[PDB]
Amino acid sequence: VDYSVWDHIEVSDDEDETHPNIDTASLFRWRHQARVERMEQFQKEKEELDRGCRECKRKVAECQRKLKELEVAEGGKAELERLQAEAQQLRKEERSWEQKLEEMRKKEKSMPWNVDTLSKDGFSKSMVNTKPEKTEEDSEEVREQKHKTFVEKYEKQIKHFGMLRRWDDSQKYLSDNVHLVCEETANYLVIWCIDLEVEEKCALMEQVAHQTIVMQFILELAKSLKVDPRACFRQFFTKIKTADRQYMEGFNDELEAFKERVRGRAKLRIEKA
Amino acid sequence: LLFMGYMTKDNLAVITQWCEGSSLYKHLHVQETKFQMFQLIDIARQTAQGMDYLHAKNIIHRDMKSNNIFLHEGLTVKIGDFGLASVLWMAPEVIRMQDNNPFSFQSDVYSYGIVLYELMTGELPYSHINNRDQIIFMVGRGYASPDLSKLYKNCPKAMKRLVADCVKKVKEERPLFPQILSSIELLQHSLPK
Amino acid sequence: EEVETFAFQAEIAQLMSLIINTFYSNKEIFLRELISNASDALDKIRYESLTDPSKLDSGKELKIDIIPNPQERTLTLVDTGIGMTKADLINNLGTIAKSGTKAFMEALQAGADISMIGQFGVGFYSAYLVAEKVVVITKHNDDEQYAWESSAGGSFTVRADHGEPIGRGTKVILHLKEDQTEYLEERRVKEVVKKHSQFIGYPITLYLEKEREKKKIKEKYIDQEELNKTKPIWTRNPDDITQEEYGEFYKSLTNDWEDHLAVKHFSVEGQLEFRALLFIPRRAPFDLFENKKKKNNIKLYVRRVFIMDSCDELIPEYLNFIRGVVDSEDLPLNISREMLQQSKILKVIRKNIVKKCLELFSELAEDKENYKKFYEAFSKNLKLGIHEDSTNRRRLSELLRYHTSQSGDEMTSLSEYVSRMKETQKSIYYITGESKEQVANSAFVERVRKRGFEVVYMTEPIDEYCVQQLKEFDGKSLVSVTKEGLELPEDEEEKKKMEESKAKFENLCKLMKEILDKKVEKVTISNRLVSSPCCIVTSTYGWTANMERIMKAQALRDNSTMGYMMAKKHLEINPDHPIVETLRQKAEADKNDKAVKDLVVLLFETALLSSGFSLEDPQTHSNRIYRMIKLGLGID
Amino acid sequence: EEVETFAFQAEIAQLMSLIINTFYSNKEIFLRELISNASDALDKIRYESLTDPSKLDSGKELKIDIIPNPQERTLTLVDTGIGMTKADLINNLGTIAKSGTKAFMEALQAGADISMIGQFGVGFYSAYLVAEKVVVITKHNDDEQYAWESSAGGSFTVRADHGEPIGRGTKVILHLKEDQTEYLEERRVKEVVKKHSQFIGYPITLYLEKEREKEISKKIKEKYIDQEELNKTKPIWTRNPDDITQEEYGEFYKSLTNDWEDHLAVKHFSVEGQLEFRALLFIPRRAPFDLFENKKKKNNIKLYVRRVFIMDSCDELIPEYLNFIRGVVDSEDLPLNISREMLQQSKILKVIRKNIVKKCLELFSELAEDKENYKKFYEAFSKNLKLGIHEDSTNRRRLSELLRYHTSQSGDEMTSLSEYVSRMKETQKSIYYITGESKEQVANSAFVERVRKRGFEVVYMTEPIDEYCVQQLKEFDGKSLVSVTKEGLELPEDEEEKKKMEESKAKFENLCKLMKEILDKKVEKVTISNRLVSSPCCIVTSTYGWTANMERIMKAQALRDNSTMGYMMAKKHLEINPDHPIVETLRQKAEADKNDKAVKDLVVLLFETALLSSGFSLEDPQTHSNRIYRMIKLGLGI
Ligand SMILES: Nc1ncnc2c1ncn2[C@@H]1O[C@H](COP(=O)(O)OP(=O)(O)OP(=O)(O)O)[C@@H](O)[C@H]1O
Ligand SMILES: Nc1ncnc2c1ncn2[C@@H]1O[C@H](COP(=O)(O)OP(=O)(O)OP(=O)(O)O)[C@@H](O)[C@H]1O
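Residue numbers (PDB author numbering), protein chains in the order written: chain DP1, 2 to 274; chain CP1, 406 to 490, 508 to 615; chain AP1, 10 to 223, 270 to 691; chain BP1, 10 to 226, 270 to 690.
These are calculated hints, taken from the structure and not from any lab test.
It is possible that part of the hints are untrue.
As the list claims (entries may be wrong) - With a Cα cut of at most 25 Å, we get these calculated SDA-like pairs of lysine to any residue: (1) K577 (chain AP1) x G540 (chain AP1); (2) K204 (chain AP1) x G302 (chain AP1); (3) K160 (chain DP1) x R197 (chain AP1); (4) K348 (chain BP1) x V37 (chain DP1); (5) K410 (chain AP1) x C366 (chain AP1); (6) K227 (chain DP1) x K203 (chain AP1); (7) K224 (chain DP1) x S594 (chain BP1); (8) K462 (chain CP1) x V37 (chain DP1); (9) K154 (chain DP1) x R144 (chain DP1); (10) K348 (chain AP1) x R405 (chain BP1); (11) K147 (chain DP1) x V191 (chain DP1); (12) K347 (chain AP1) x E443 (chain BP1); (13) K242 (chain DP1) x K354 (chain BP1); (14) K411 (chain AP1) x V37 (chain DP1); (15) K354 (chain AP1) x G123 (chain DP1); (16) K591 (chain CP1) x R467 (chain CP1); (17) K147 (chain DP1) x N310 (chain AP1); (18) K349 (chain AP1) x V179 (chain DP1); (19) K203 (chain AP1) x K284 (chain AP1); (20) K45 (chain DP1) x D188 (chain BP1); (21) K354 (chain BP1) x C366 (chain AP1).
Here chain DP1 stands alone, though its shape is the one from the complex:
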């Protein structure tokens, strides 16, 4: 409702405020040193004001004490009258020093903010994550169990990708559920496309095969970039949209080669059975 305390801030290394003909690197110094020297003068004024306050307080304290002592002792009436005027002068000095104090307070109110006065440090704690690294590739142990768990839990998603044809929709839908991006997914896609051609569904095999071929180059390019495929798959369809003619023919020929391999493997499986 009110923002009257955040209307005066002086940042020293203000990147946006500068001059084209003034060295920004060196301009950031005369602003900083000016801020520091202004703060130092302000602190000096504070400290001298405070000693002045206590010294005039002790002045008036001993002055009242001496006034009482002179009043108690007889014969010091003339000295008491002189101390009356001296005391009044001391009160004038004290009330003037309090005036200096409230003017100093007003100056501090008018003092623009800075990084050092806006906030003071609270607590900082730096933690360095020391955790084991590297991965393993094998057909057993956690990897096979990972295959089984992921195929059992997310059969619907991988099947719906198997029944997909559009690139942009595939990109968006995986971007919603990027967890599907993994080597195990590609392995099961290949195996179950093999199974589909074992069932002899040629059109369904091709529809599944294009989609299965999609992530093979994604995995290859992820290996090339040394970044997990979950972090580089989104751009792949941007590349295939802006793909050169040779990339188109390469995608087509890999698709055809994988189709022929799948057909041959399914024929061998049928003959064996």
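Starting from the known structure of chain DP1, fit chains CP1, AP1 and BP1 with the ligands onto it as the hints suggest.
Quick look at chains CP1, AP1 and BP1 with the ligands alone, frame taken from chain DP1:
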């Protein structure tokens, strides 16, 4: 087969949003790169506006000279003081140290005027005297002023009055930047003449 | 005189028009505002419970439910907050620019243990940005159920609810217009709540019909809790948080399952107060320096509510790899609560964040292998910061690591180099090159490696920019071995050699200047080579051959002033090499010999290749090479 | 049933607090608001003049005056506008969201000829950002003047105004806060007016006293000076492009972007409909040195709505490669923010940018009709044009025709792709280009001799941006670009040369395999083809991998990922000229036996020289230098 994959177009973006450039310095009078009226008037105008900028921000330079002035290939002068790289470039108020803080706007204008004199003469002020022991004496007395017999020929005479009234020691009548912009404006109008 | 004191009025119809149309620039913040209001209601009712638990005898759970419905084109937002009575239903939701949250907070001033979001009093009316009419059903513990309803016409109808009762809280139904039907999809609302109000302090629950029932049935509603799954970690005190919680938070923040290298947690207090959390990614993004990614790293939060993402005033560009969340208690916000009314508070936040980041980097230095990984990831950002921040260049300077002569293939800081530097020298010797082996053995390093001096290798083009500002270190100037006038601790025998060689080797050097007058502007003798006879050094002012190459091969570089900063080359002949001695012997016989100058030009071209310069016309070098090989094999 | 209708109300104090606090990010725009309102009053009175000129007896000029008074610390703003009566004073300046300008617009009476900048009714209260107490003095034609006054305390007073009289219009007085005193100085008001209200039709005249009075035959510096330098620029885009001459455009350009000379070319168009704006675009003669310094906070195109500044150029206003275009874009009816600093519907910028891009591309195409001016434009903006080729995927076809290069027969002048196509032989079906580092570097090279001897024209491309451009450009008028640096170059071939190549393979396959073994890792393939005449060996790159120039350009990039380059190598393929006597002189030497140190030495030397002549850079030049040095030693006799 798996083939090679081609792919390409990974990060072939034009990441060249950066900059690099610097001419050299401004200490060309020793280098002896004498220039004409146009360049010196332009440099004086640009340094004037630059120093007025800090004068407005209440930032006092005081120690600004040929070694704290930087030229650049964009035909711009970065008067931004380098920080490290002297004598003979001060004012008598600084030398006497009457208040131990000569740091005032009039002192900065005095420094501006004497660097203008140095550049428009192409020579270091008080070149005839090269001994610090006597140089400190003169500036401690603060009476004499440099002559203007080594002016560069064929230029508007207005900056001769500008430097002459910039170097007088009376700080109360020393010219200030609000009229200094007018001075350089009439200088650049007087450039063709 | 006459004085007529009045009171300011407000045209309510025009005020509603302003709020609905020209007040908020993004129509999808209405959901954020409603979630904020529901969080305020929940905070109020939960605060009232600690004084007397009997308050919560209308439903113990505190939650927010979002119930889109495309069968009615309505989106329902139900919470179990405090609700609001008839007087509240009039004042709060009928008086524009009046907040019951502010009234509630300013009332206590002793139970300030809570911080509820809202001080303006117009946030609810942003609901009309997507819906023509809104009906509000609430039930306070003190009053009965009421049905607030309006269509932003200037009047609202309040009646006792004649429908299904609720235990407590509020029930906002948004009869959306046909233009905002995209807000009824799971993905859209999920995106909105994840972007703006995913860190609210209360569970947020969706409710959609997508559950397949076993086989043709799909009428089960999805009780999808995952809108506020991740909870604000920086709120909890760090001494109670291990690396596991930080790791889970970072993994959920990046939407990618990878760990984080290090985590910095700190806060400041005073007039400005913020609890900031900064993470160093384990690896670098593949598009860290792609400009199309703009700056989407550090997010500003106010009371666990998002305001603005990474801005150039929030964190400097070279420090855009470090990603985290910044949350503050008090800040001045725009009416839309999307920008700050004071620009320079962002700059102050940046000033503190940069200092804390540099302290984190300095802390990382102690761990050898971890700092090795961090350097191999972000040395480019470190050197870019050295170039950019003149104020922090000093702090970034000691974070550098380089291959050196005496370190094999391990990187050592400048502090280690100055530690191991011989007292006889006062300069840091560095070489700016292109490859590891290209600088490992080169004509400029022979003498230095012979005398035991160590030189710092700089194989990346980023150092070529960095070194222009890193002109000194610890009071010692940095000088390159590829520049003219290399200073070297000299010996009396060495200077005697030099002075006799200048007189002895004047004829052939002036001969080189005569034959090569427009290509080489100085030929002299110095101490740089042992096993090589010629090298091309650059003047002290100009561009190193590598520097010139980098400038020439930049994509967007102006060529008009490129010719200004051409390096002025300097041939350097190693007198101890037999080639130059025999050449001088041949020249002494005659200065007009064909072979003498056609060998001089070949030597100059080969040295130019050895010095990293690019040949103006390599075809001349190639064709002279084949002509000389023809005469070598004697086939004319 | 039990319905009970109420009426919406408001909290006036809180609403004032919101208006003062949470709308305007910059405290300086109070000046913009007040000047806009004064211009609104001037527009109202000017329109009323067209129906009745007898209501202008009190004041005839239409002027806006600012008179800072630092001694009193008040910044007045006088105007001879329409003024306000008692009812208008208490309604418009007393009611939030009540804007009498909108109501006046409603009473247009089939006379829609003026553009009235006011819709909200909150603009006036911006003065409380910097002023603690606002005093307003207005005088209508048919009413006595009244002295409106407030301090945003929720209550305002109206006075009979027995003070100084004014003929017409209003006079707002801002009693600035004790700290917001920086807005009295000439510099700040000048900057604010130039930034926001520089294009107001009515003359805004700043007033200040710093004149040095003449003294001749003392030291007087107190004399109010009238300045109109802050409104000298006049909107010309509001006129038709037919009656404006070139010198007017040049004057406006030098007054707009401060450039010494005039413009190179101008575009002045407008589109009418649901989205109406008049766009004026210039082309600077010389591009600034920091044009591509992208940390400059782009401000080239200034979006004006109803002659007042709204926002600087954003990424969506104009594409990056057109950042050199200087000018203004002024519209009439766009939804503004409550702060009047941006547009509510930001998706309309996606239409403005499309229209501007299309019209500026049409401007560029039309400008390519006079040789001298187009050459001057190209010399300074070829980098931008090729950047556009690289970036835009919708104007690439249109943008391609505006590209110039040196060719094999273009001499020292640049010629277009269309002209080369016109001079293209029917036997060839490709465009031949070379990507090197210099004109002379590619003028004579191992890849061009054979082609230049035959009947094809080659296109020289030397600037580093050319490679970025040509990676996106894949065809031109149905003719595909082919680089001479890349392997598998296709030329029209007769049967005689065909069988000559067949015998050449049958004779040199042993060479191919043997120096393939010699260059085990340094070279992938060794073959022979018609690319060389007087050069024995050249090395070409792969079909999709980066060429040598692209490799060098990427390895020179300051901010690049040194993990992606490693697999994106150039598959170097050595190519031999079988007619050169060198490659057959060692043919017999290797035929006698496979293992000879001499043949390996010459093979390595030739490979290194071809690498240097192919534009590649040596991994370690010291080895080449040392072997050259030893060879010179042996030749000289030492
Ligand atoms: N669901 C709700 N439950 C309880 N109180 C509510 C609810 N929605 C609105 N209110 C009341 O309405 C008042 C004003 O509503 P509004 O959301 O506009 O203000 P606000 O919460 O202060 O937010 P803002 O600061 O964004 O304007 C609030 O202070 C609150 O008391
Ligand atoms: N200086 C002035 N001269 C004449 N009329 C004025 C002046 N200042 C305000 N008004 C009157 O005040 C009313 C509008 O005031 P205000 O500036 O707050 O609104 P607005 O300009 O329509 O809104 P906004 O600028 O926020 O779009 C109109 O009746 C207008 O004539």
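Results of checking the hints against the structure:
With a CA separation close to 12 Å, the supplied pair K577 (chain AP1) and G540 (chain AP1) stays within the 25 Å bound. A threshold of 25 Å between alpha carbons decides the hint, and for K204 (chain AP1) with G302 (chain AP1) the separation of about 20 Å falls inside it, so the pair holds. A distance of roughly 24 Å separates the Cα atoms of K160 (chain DP1) and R197 (chain AP1); the hinted pair therefore holds under the 25 Å criterion. Restraint check for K348 (chain BP1) and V37 (chain DP1): the C-alpha separation of about 30 Å exceeds 25 Å, so the hint is violated.
Restraint check: the Cα-Cα separation between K410 (chain AP1) and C366 (chain AP1) comes to about 17 Å, which is no more than 25 Å; the hinted pair holds. Of the pairs offered as hints, the one joining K227 (chain DP1) and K203 (chain AP1) is violated, with about 29 Å between alpha carbons and a cut-off of 25 Å exceeded. Restraint check for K224 (chain DP1) and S594 (chain BP1): the C-alpha separation of about 21 Å stays at or below 25 Å, so the hint holds. A threshold of 25 Å between alpha carbons decides the hint, and for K462 (chain CP1) with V37 (chain DP1) the separation of about 16 Å falls inside it, so the pair holds.
The hinted pair formed by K154 (chain DP1) and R144 (chain DP1) meets the criterion: a straight-line CA distance of about 15 Å does not exceed 25 Å. Pair hint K348 (chain AP1) plus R405 (chain BP1) holds up; C-alpha atoms about 20 Å apart against a cutoff of 25 Å. The straight-line distance between the Cα atoms of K147 (chain DP1) and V191 (chain DP1) is roughly 16 Å, inside the 25 Å bound, and the hint therefore holds. The hinted pair formed by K347 (chain AP1) and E443 (chain BP1) meets the criterion: a straight-line CA distance of about 12 Å does not exceed 25 Å.
At most 25 Å may separate the alpha-carbon atoms for a hinted pair to count; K242 (chain DP1) and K354 (chain BP1) exceed this at roughly 35 Å. Taken as a hint, the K411 (chain AP1) and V37 (chain DP1) pair is honoured in the structure, with Cα atoms around 20 Å apart against an allowance of 25 Å. Of the supplied pair hints, the one linking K354 (chain AP1) and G123 (chain DP1) holds, its CA atoms being roughly 21 Å apart against a limit of 25 Å. Of the pairs offered as hints, the one joining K591 (chain CP1) and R467 (chain CP1) holds, with about 15 Å between alpha carbons and a cut-off of 25 Å not exceeded.
Restraint check for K147 (chain DP1) and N310 (chain AP1): satisfied, since their Cα atoms lie roughly 20 Å apart, inside the 25 Å limit. For the hint pairing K349 (chain AP1) with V179 (chain DP1), the CA-to-CA distance comes to about 22 Å; that is within 25 Å, so the pair holds. Of the supplied pair hints, the one linking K203 (chain AP1) and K284 (chain AP1) holds, its CA atoms being roughly 10 Å apart against a limit of 25 Å. At most 25 Å may separate the alpha-carbon atoms for a hinted pair to count; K45 (chain DP1) and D188 (chain BP1) meet this at roughly 24 Å.
Restraint check for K354 (chain BP1) and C366 (chain AP1): the C-alpha separation of about 22 Å stays at or below 25 Å, so the hint holds.
Of the numbered hints given earlier, the model fails hints 4, 6 and 13; all others are met.
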